[PDB]
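Work out the full structure: start from the sequences and follow the hints.
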Amino acid sequence: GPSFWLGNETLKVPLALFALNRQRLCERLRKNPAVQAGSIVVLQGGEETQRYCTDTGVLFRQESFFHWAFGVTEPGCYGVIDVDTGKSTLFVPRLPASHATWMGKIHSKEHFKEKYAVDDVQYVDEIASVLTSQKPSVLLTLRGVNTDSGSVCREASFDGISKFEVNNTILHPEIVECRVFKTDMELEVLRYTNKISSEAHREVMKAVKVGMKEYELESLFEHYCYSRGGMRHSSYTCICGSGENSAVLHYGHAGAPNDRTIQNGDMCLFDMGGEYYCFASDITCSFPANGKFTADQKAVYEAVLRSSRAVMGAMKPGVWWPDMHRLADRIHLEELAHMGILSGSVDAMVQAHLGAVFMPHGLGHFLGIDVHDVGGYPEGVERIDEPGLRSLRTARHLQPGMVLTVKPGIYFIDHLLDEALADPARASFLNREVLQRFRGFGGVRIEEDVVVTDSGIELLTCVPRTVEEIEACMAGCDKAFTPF
Amino acid sequence: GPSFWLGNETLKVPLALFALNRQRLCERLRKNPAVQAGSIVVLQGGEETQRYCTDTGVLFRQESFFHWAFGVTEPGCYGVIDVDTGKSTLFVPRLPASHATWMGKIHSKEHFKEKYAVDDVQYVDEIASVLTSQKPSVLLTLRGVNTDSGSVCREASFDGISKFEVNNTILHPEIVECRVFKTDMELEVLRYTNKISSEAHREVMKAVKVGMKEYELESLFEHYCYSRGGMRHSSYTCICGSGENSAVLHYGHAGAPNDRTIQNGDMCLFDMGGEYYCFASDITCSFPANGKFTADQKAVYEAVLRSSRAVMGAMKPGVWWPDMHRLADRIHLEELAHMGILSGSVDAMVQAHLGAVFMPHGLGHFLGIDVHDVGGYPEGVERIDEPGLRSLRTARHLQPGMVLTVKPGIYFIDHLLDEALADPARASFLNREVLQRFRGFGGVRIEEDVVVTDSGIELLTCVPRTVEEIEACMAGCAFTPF
Ligand code: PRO
Ligand code: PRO
Ligand SMILES: [Mn+2]
Ligand SMILES: [Mn+2]
Ligand code: NA
Ligand code: NA
Ligand SMILES: [O-]
Ligand SMILES: [O-]
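These protein sequence lines map, in sequence, to chains A and B. Counting the first sequence from 1 gives a position; UniProt numbering is that position plus 5. If you use UniProt numbering, the second sequence corresponds to residues 6 to 482, 485 to 489, in order.
One should not assume that every hint holds.
In silico DSSO-like links for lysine-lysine, alpha-carbon gap of 27 angstroms or less [claimed, not checked]:
#, chain 1, residue 1, chain 2, residue 2
1, B, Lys-140, B, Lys-110
2, B, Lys-36, B, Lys-140
3, B, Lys-36, B, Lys-92
4, B, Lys-214, B, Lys-200
5, B, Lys-214, A, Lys-17
6, B, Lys-200, A, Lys-214
7, B, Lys-297, B, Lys-214
8, A, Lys-214, B, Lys-36
9, A, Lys-17, A, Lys-168
10, B, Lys-17, B, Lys-200
11, A, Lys-321, A, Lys-17
12, B, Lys-214, A, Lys-211
13, B, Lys-214, A, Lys-110
14, B, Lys-214, A, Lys-200
15, B, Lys-297, A, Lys-211
16, B, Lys-168, B, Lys-214
17, B, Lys-140, B, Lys-17
18, A, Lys-214, B, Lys-110
19, B, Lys-110, B, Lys-17
20, A, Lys-120, A, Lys-36
21, B, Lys-114, B, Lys-140
22, A, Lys-36, A, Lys-110
23, A, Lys-214, A, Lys-297
24, A, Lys-110, A, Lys-120
The hints are simulated quantities; they were obtained by calculation from the structure and are not laboratory data.
Pasting the structure below:
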């Protein structure tokens with residue numbers, strides 16, 4: 006069948022990938038007691054947008070549920086799926102003649118049918134007529150709450166939909182659950198996004214020089230990803246934190262826009278991941294700006310390397326993800342004590358939630374169509390009300406087919422450290438004489454993308470990780486490393 | 006005073022630029038007989054957004070009127086200007102403690118006051134209280150219609166604004182008119198955006214090889230602009246049309262995403278412009294993919310070079326922009342006749358609107374903080390309902406301080422050609438046997454950015470333009488990323 010491809014050495018993605026997602030969704034819905042015969046799933050694609058009130062077009066990126074079901078790159082579409090038969094119909098915009106002048110060829114419906122390997126193609130303005138002719142029992146539309154943003158998914162609507170029976174409660178948890186479990190075809194794409202982003206991270210490590218602006222490496226990363234990988238988008242805004250900025254978890258946004266000059270002695274924390282055909286990657290590399298770890302940098306870095314590898318070694322089906330977070334916390338505390346930053350009983354440190362001072366974010370999250378992927382907190386799964394753990398984006402147990410980021414880190418964040426020092430329950434663990442040395446250090450984060458398998462995990466990411474490997478890469482020796 | 010700067014060799018932009026814009030706006034408003042004493046201009050800045058229902062942040066780019074007045078890069082702000090005194094107050098978000106963990110330093114109000122060189126800074130949640138104490142007659146807010154998008158400008162609103170008298174009609178025409186005329190400080194930024202984008206176009210011409218994907222050059226262009234120019238954004242989505250795609254005017258969008266392989270014998274039409282601190286550039290270069298113009302390519306290319314230079318040579322204060330568009334049409338028709346594509350009276354061709362078959366878009370437009378800048382069709386300036394001219398984004402007369410793109414082109418667009426061939430009023434001019442050879446040629450566009458001066462224009466763009474210059478540039482043996 007047909008494939009999405011951007012030529013050169015980019016990945017051919019079979020449109021069969023999306024056909025399989027539609028089949029899986031129907032199979033799940035048919036087993037749902039709330040679903041009656043003759044139901045039709047109705048999804049609305051994203052539309053073109055502009056900057057504010059201007060005619061400056063914003064580059065269109067498809068809505069993630071719609072992409073998952075159809076793989077369609079054009080704005081203004083709808084898509085429906087007959088649950089009982091699996092029959093898929095794509096609705097495409099009926100374009101004005103002038104489109105041919107300004108935007109390009111006005112493709113036929115048959116062109117789109119062949120391109121996307123759907124069963125039928127119709128024009129958007131015909132959706133009420135076409136659905137009326139099929140005499141559905143109920144239309145199943147998308148509405149639910151994203152547990153990372155708090156936003157409500159946009160339910161499909163069209164002229165005449167009020168004449169149909171519409172249910173907007175059934176679909177969301179079911180299509181979310183399908184997205185949680187990646188197919189082998191989806192894993193092929195995520196292997197590829199990790200391949201290209203890993204290569205780009207290695208090029209950045211080779212290119213980094215003291216005196217550069219952070220954004221020079223953002224630019225280089227995205228250029229590798231696009232020109233070599235066909236990744237027109239990143240999965241999220243690049244985080245290129247040097248020096249103290251490496252303690253800022255989502256550094257690089259408009260308010261802190263990767264605009265610091267990299268200094269000798271700084272640590273760098275570069276959290277970047279290209280997106281290919283709306284599939285994510287998320288990789289974080291930490292390294293010394295000048296290519297040589299100091300003793301202090303090595304100690305903090307290897308503490309996080311230890312927790313990274315311990316978690317990857319422990320992950321397998323049945324493991325409760327919050328237990329992996331607590332494992333990372335315990336290892337960070339052990340290593341911070343071994344460094345002289347902390348002293349006393351590590352058991353007592355754990356009981357006092359001291360780990361969250363140094364890692365105030367969740368250990369990792371689902372990854373897929375969205376970098377913070379859906380389904381972390383389905384009904385019944387509760388957020389843990391403790392420091393650090395409350396920021397986990399899932400409290401689920403691991404099962405084969407899930408894709409997770411594993412992103413432990415240690416940071417020196419002044420207001421968190423100062424809170425701890427003001428707190429009798431935590432203050433005694435801290436050795437200020439040693440800690441003062443790490444004020445303004447920033448932090449280290451080491452992030453891998455992995456698949457949960459029957460036997461453990463498959464590591465997708467391929468970047469240098471030991472001190473020796475990283476120093477070699479920065480010296481231009483990027484291939485001299487061996488993944489976990 | 007303070008300046009915006011992204012280090013290295015990037016441009017230092019004084020915040021005085023925005024203070025001058027605020028002064029100019031107040032001066033204009035004070036002369037408006039409808040404006041009451043004690044009026045306060047109230048603008049609302051852009052807010053952070055995400056992709057659909059996800060938590061995937063979209064990189065924030067400031068709303069253009071707000072940027073013009075304040076130069077503020079942070080989301081979630083408001084800004085007000087006392088019309089009578091010119092006093093400026095910026096309102097910034099009161100951030101939660103956790104911002105320091107996730108997003109960065111929680112700057113003081115004093116930090117923002119010094120950064121932006123405004124008269125005062127307050128928190129957004131105090132805007133009603135602050136405005137109340139100033140006892141304004143009327144709040145002047147922004148509402149009007151953009152004549153390129155047809156969208157309505159988003160009017161400022163805040164909790165408690167209902168307690169004020171608000172006028173949303175006066176401001177828009179006045180702040181639009183101010184934006185039409187660029188200050189010397191604004192022109193310095195537009196010289197810089199043209200400089201970097203010109204350099205990036207030259208690098209692309211040197212890098213193009215047969216067999217590359219169009220998007221490889223989009224990527225290279227944006228990388229040059231960001232890494233060397235500090236241009237995090239482009240002014241618009243890059244248009245990298247090779248072969249027949251060079252006839253597609255806004256090629257490169259998600260539906261036609263710069264994904265063709267460049268072939269031997271193709272013409273390339275690359276329309277790209279980096280954005281610096283929300284100031285635009287817009288440059289188009291046309292050239293043969295293989296570095297050597299054929300006879301047919303040279304003829305079409307030099308026709309557009311001729312109209313480009315003729316229009317630039319005629320531009321000066323008082324010139325009616327639609328007359329320049331018609332000048333370009335007449336030149337294109339003359340040249341297409343010399344080539345043998347057309348035969349007959351060029352006068353009669355013009356009367357039949359044949360020029361619009363080959364150039365269906367407007368000759369050019371205002372450029373500034375938006376690439377299609379505001380103010381092309383103020384009240385009293387009408388759109389001309391004729392082929393080609395109806396797509397002009399302004400029908401104004403030129404005045405000093407206006408910044409315009411000059412972008413003639415000739416394209417071979419099947420459905421326009423087919424219409425013309427069916428129409429007896431136009432078909433007689435077209436020589437089918439010659440035209441057939443140019444089906445699938447694509448097109449040529451040559452686009453310069455210029456400023457109207459007291460006596461003529463100033464050219465901002467600097468790329469190779471003659472056939473000799475282009476061939477020498479592409480044969481050049485500087486920018487090696489990895
Ligand atoms: O938002 C999150 O969950 C991770 C934590 C470090 C940066 N991104
Ligand atoms: O939209 C416009 O006015 C110009 C025409 C060529 C492409 N951009
Ligand atoms: Mn990340
Ligand atoms: Mn242009
Ligand atoms: Na190096
Ligand atoms: Na900029
Ligand atoms: O991350
Ligand atoms: O253009």
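These are the hints, each one checked on the structure:
no., hint, in the structure
1, B/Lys-140 x B/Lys-110, "violated, 34 angstroms"
2, B/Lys-36 x B/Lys-140, "holds, 21 angstroms"
3, B/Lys-36 x B/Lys-92, "holds, 17 angstroms"
4, B/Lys-214 x B/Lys-200, "holds, 24 angstroms"
5, B/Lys-214 x A/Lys-17, "holds, 23 angstroms"
6, B/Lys-200 x A/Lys-214, "holds, 26 angstroms"
7, B/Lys-297 x B/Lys-214, "holds, 12 angstroms"
8, A/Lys-214 x B/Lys-36, "violated, 55 angstroms"
9, A/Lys-17 x A/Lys-168, "violated, 42 angstroms"
10, B/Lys-17 x B/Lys-200, "holds, 14 angstroms"
11, A/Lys-321 x A/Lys-17, "violated, 30 angstroms"
12, B/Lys-214 x A/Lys-211, "holds, 26 angstroms"
13, B/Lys-214 x A/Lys-110, "holds, 25 angstroms"
14, B/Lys-214 x A/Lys-200, "holds, 26 angstroms"
15, B/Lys-297 x A/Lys-211, "violated, 37 angstroms"
16, B/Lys-168 x B/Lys-214, "violated, 64 angstroms"
17, B/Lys-140 x B/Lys-17, "violated, 37 angstroms"
18, A/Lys-214 x B/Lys-110, "holds, 25 angstroms"
19, B/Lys-110 x B/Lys-17, "holds, 23 angstroms"
20, A/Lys-120 x A/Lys-36, "violated, 31 angstroms"
21, B/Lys-114 x B/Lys-140, "holds, 23 angstroms"
22, A/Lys-36 x A/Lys-110, "violated, 43 angstroms"
23, A/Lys-214 x A/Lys-297, "holds, 12 angstroms"
24, A/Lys-110 x A/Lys-120, "holds, 14 angstroms"
In this structure, the hints that do not hold are numbers 1, 8, 9, 11, 15, 16, 17, 20, 22, in rising order.
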